[PDB]
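Asker: Spelled out, the chains give:
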Amino acid sequence: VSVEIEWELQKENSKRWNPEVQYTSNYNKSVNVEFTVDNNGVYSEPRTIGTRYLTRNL
Amino acid sequence: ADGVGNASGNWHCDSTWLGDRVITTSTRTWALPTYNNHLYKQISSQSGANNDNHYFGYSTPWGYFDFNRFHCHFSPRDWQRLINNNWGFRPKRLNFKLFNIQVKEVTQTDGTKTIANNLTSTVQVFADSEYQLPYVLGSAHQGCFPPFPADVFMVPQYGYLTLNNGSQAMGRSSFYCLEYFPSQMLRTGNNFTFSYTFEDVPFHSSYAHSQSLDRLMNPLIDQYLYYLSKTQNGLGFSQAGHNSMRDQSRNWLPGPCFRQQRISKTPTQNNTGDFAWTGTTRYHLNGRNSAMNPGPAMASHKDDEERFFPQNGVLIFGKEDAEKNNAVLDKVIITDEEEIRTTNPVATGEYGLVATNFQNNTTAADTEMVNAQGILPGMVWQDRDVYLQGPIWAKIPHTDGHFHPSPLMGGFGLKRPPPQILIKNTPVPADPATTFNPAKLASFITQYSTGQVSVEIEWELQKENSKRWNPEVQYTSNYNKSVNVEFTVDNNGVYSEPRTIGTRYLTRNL
Amino acid sequence: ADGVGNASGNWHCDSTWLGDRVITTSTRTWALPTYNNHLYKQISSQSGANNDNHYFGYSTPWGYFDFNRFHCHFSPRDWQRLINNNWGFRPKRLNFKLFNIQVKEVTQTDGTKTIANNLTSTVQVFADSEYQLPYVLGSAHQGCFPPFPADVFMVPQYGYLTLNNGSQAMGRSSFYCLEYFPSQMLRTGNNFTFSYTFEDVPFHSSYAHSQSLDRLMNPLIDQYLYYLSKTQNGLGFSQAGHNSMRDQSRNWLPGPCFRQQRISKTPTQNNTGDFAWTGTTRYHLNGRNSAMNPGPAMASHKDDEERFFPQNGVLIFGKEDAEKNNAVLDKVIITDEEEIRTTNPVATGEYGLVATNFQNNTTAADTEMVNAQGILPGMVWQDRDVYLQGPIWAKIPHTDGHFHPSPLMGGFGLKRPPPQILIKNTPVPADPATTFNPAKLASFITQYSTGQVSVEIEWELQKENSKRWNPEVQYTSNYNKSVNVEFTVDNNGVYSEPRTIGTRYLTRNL
Amino acid sequence: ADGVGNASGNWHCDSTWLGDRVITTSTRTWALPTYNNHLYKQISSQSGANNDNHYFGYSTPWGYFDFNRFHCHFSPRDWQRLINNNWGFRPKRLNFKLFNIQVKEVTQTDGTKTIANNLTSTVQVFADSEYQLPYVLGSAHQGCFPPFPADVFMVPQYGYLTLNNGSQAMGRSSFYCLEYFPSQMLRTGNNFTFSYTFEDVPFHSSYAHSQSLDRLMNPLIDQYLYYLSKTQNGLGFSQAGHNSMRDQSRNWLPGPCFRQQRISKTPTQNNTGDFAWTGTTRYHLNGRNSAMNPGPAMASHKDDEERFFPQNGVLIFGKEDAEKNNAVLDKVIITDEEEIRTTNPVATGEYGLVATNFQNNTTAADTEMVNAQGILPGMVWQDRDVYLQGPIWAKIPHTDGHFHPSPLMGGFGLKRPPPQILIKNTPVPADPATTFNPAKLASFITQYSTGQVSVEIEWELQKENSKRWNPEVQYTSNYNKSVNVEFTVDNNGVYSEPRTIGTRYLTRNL
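Chains as they are written, first to last, in the working numbering: chain A, 1 to 58; chain B, 59 to 568; chain C, 569 to 1078; chain D, 1079 to 1588.
Chain A on its own, in the form it takes in the complex:
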């Protein structure tokens, strides 16, 4: 079974000077890589990821 979805995007036009908060992987070493399979082939989603990172004025 296949499903294709087209999504429309709204770009960011901010004049903010300082850097934004951004979703990032941890750069440090670890036993497993987040959002991958383990040694037994089980895929896992370690954490939830929302959408709200960039900012906007009221």
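It should be emphasised that the hints constitute simulated quantities derived from the structure, not laboratory data.
Calculated cross-link-like contacts (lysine-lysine; reagent style DSBU-like; alpha-carbon spacing at most 30 Å): (1) C/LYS681 to B/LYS498; (2) A/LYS11 to C/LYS1031; (3) C/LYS1031 to A/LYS29; (4) C/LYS665 to B/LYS162; (5) A/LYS15 to B/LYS498; (6) A/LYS15 to C/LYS1049; (7) C/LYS887 to C/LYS963; (8) D/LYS1518 to C/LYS1035; (9) C/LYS798 to D/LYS1409; (10) C/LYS665 to B/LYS498; (11) A/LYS11 to B/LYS473; (12) C/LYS1031 to D/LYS1493; (13) D/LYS1380 to C/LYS798; (14) C/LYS681 to B/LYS162; (15) C/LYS798 to D/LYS1402; (16) A/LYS15 to B/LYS99; (17) C/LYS1035 to A/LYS11; (18) C/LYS665 to B/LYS155; (19) B/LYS525 to B/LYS150; (20) B/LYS155 to A/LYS15.
Following the hints, put chains B, C and D in place on chain A, whose structure we already have.
Answerer: Quick look at chains B, C and D alone, frame taken from chain A:
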């Protein structure tokens, strides 16, 4: 843009009444200092402040122009023409111009100040037309064009707030550098012009209802519907009619309310303790309390109660000589929303009574007051009135949802309001050292600027088509003699606005 | 070029992101003194100087404009947009403008300074577009456009060096008179514009490898090739596989290295003597020693050694309040090249081990460390990263030969770089004597100039096409509360860059 | 794509010699199991492994096709035709086809296996043409097309490595899901075709020099230049000539070298200890040591030393019956690079001698050996030879810099090499439960697939234009009688490649 000896604009101050439109034009003289000694600064509340009062933000070297009050554009006579003859009005478009720029340099010397023209200095100006900066118009700040066209005013300094946690900042807090925008640079020969079109908005309602929501029926005829008129010794049902209007079935409901405390203009009728804060109605947001002022549109008092007003529920203006802090009642002017008592609950009362239990042979029927009531289907209401000295528009916050976005201080809610116009004196360094120093320059020539500014607004009018036989109420000057004439200068040249003037005089049926 | 009362340019400071391009525009206010009291001067080192430090050259009355750092053109947010989303970028073209020229005269008088406009004075400017002058951009000097657009800066003085023998000069030493060039002369109404196109250069690599050069094989499958796995009691040969990756045959070699001394950020782990000079790696040229700083691109430390850094092998920036001399470790920011450890040797280790003898029945096999290794066929390497506060380009020396001319401090090597832009206040003599004197005039009116300068650069971007499933590392602000916001002004108006920001976040396979 | 009873391709195995081109075509029969029971798995080294051997990566359910050895495409006779007649060759283009797909299902039952056709099952295949996956071809792994066209081979399993720190992973480590690519799905009637064009690459040099770099002069004539021929009792200078060739001035230098240990094929001439690891030349990368095998192209031995070979410096192939671990010398075939001794240093010697001090009246002149020497201007060298059983191409790592990217195991360096072709049996679930279970399905029908695969490569040839009078050396079979014929099957049907065959037979001047 010609040069030193040629004026770059003329004085346009006028009002033109054309049919279903009125065009106001206003010109004033302004003066702009150097703010913050050219620097941006982080600003925040002190450690000892109440949590409700903490903040974090920045002050900028820029100034900005604010024409967001009705008396910037309408003379008192013009306002009278508007409100006595029209059921509604709204803004349509505007033009803005900055001209006759003059830059001055000030030198302290030994004992006295010396002022001279700096012919080669520039001022910078830009309009934030993409709404990329925090929008501080619409907070009812001072610094507008003065109501009397001969008065000269100081341009206010621009600053803004961002996310705070106590007195500190959060990672998502934003810092804006206004030099990171394109801006026009003006020498004394140059000028700046901007034009803008208002988005469609509904007419402000300048009228009062001549009917109340609970008396919309024909007083001569009974209803065909029945209500429960008797419980004692068995149920009984009756058709309501002219002798019981409180019992008739109806199609609509009064508007929402959030009840406020009741203050008396008679001093002996008030409690003598300190309830100024504890008596206010407040909203709780991220651990901080804010007064809900003025809050939802609600009538100020009911019939024959005109001595009372809601504690935080009405706009209050100062008289010309009023102090900034702890002015007495006689020095302020309290607006009165009584005209909306036909559709809106009184601000200091309950919405109504709701049933709380199940009545039976052994249990009486119980009710309790509802002091805060949100929207219900079938509700109708009027928004707060606008005033000659009150605000005009506000920016609707950019959010997923809002409901009926009429700004609660009154006026027109706009998604894309008139843009902020920012202005700054370009810094002119004093003589630098003759050996290279990498530090940023800290030594500047003392300067300020002055010029004229004009704004033209086209307003659309909604005419009155009433069949009312008897004369209307109308706003009028008093015809009797007096020591001064209202809305004029006194013997010392001080202009004053003696009273507030709303818009609701003509009437309309529900 | 119109005249006194008309601005000759506008403030353009913006960034525009279009598809595979980003256009930065930067404007600043500058001030230029008179340098050297209008004179050219021979300058040289003192007799007592160390031979390594001798020099001979000239200082000129001219100043020059330097925009050769990334933070001149990119706000911190813009830099974030760049590095989180793109695998590479390079400059394409630029425009330069000098405008709103103001010339001031200063008079000492009796007790206080007086400053006035000199409307008829001129400033001279020219771009050395034929590269006829010594090119001093690209030496990482101070005096650039400040990173924060509201700061005002002093234009640095131009000087240069030529051949020296000790403190003396050689017959082939060159002297350049900058008045022997054509230059434009500007009064307060005039402006100057220059445009330039960058030569084709490879994209900077803004990415880290997600593989290391020694792990490029399929871990599931053995090699068909054999290696010598056993010498004891006779030779034996094996096919390497997942359990011995150190033995597999490979196609490529790590990049070159020149080993440097290892410094610890933990104070007690360092020797307490004076090795600051004697510990550095140096090159010997015409009898003079120069530190090799930063030297070849090499990784700063290996895994889990992040407390160590190479003595002369990394760029080091000061914090805002750092002293010029002998600042402590906590006052500086040390860059970290660890991302290139996948292809490049660690700066503080050996390249490897080489065989030194012939083994036999009576003689064991011997090896020794190779601490300096030049290029070999089959080597691959990454160049040093670029930083928000680091340099952009350098002029490739004009020579018969060079190899891989990526400037070692980082950035883009250019045969024909952006030309030097030279500027000077034209001398205005004071009143001469009324009897002819042939001596050159020594008495001048004290003057300085100020104005605005703008530079626009178009950058080409290389997009990321990765099939990586899991999320990338990304540069981010901290989300927690803090007393100040990073990369902003403080309560006194001082802008500061708290940390260095490299370009290597996204990943790519080898 | 017609259906069950129609073949989807024909057997194409041929070689066509046309002028300056040769087209090889190769077809084989393959079999593909289910790998990893359909799962992706994280794989890593054990805790007890040597740091040099740690790794982190993933094994995938996919297989892949590898034709990256010369004997996949050239019969031994064809290779002879190539090397005896041509000075060079390079690949130009290729076509790939997968066809006659058959999917089988296996059932265990009670005592014996049962195999049947699954007519509706599919296999998935795609070519990674954008180079988005780790490229594991070019590591000399097993699993290629077998050299003898009648042999049937198992498709090898695809896996890859990413960044490791010890046995753990780093944030920048990448995970790739191959189902996140588009792929063609084939039932038994379907086929797959792919075509590719090689990028321009230089011809492999199939020739040996008939001159050595140190004898390029005219032996009959003296030089006009002088050298220092006498120091004793005063300096003296002479013109070099035929009797002193070691003293003549020359224009060029031998190629670079990194010296390796010397192993004897005579067992008693070797040390009896364990130097297998400690004797190797190694590079040090991010704390890990890797043998430099084969390393820079260097001649295996000097004249009359043919019993010696460099420890880690030559390709070594197994004889047909060689063990995987600790095979004795008689069971392996050691390649010999002696033909490049004309321009390249011998692998087991020094590059030369360098001066270390300043000679004077009291101090003798000193030199020392240089055992590792990088590139110098004026160097020339030959790259390593290619072999009938050796690799063809390798992917040049994607990096800022590389030098002379000829892969060190031999063959053609390619920025955009022939893409990896990945293939997998689509999983077919067994009967699921009749009540919904959200867990992923763990129970599958046991299947494998088989089919034919073809690859056609067009090669460009560089002809020989020599004026040499005397006959060349040529690769030849032995003409004498023998029990078996070289490069054939034996009485049991085992094909074997008895010896390695290089390309360098014809000669050319320097």
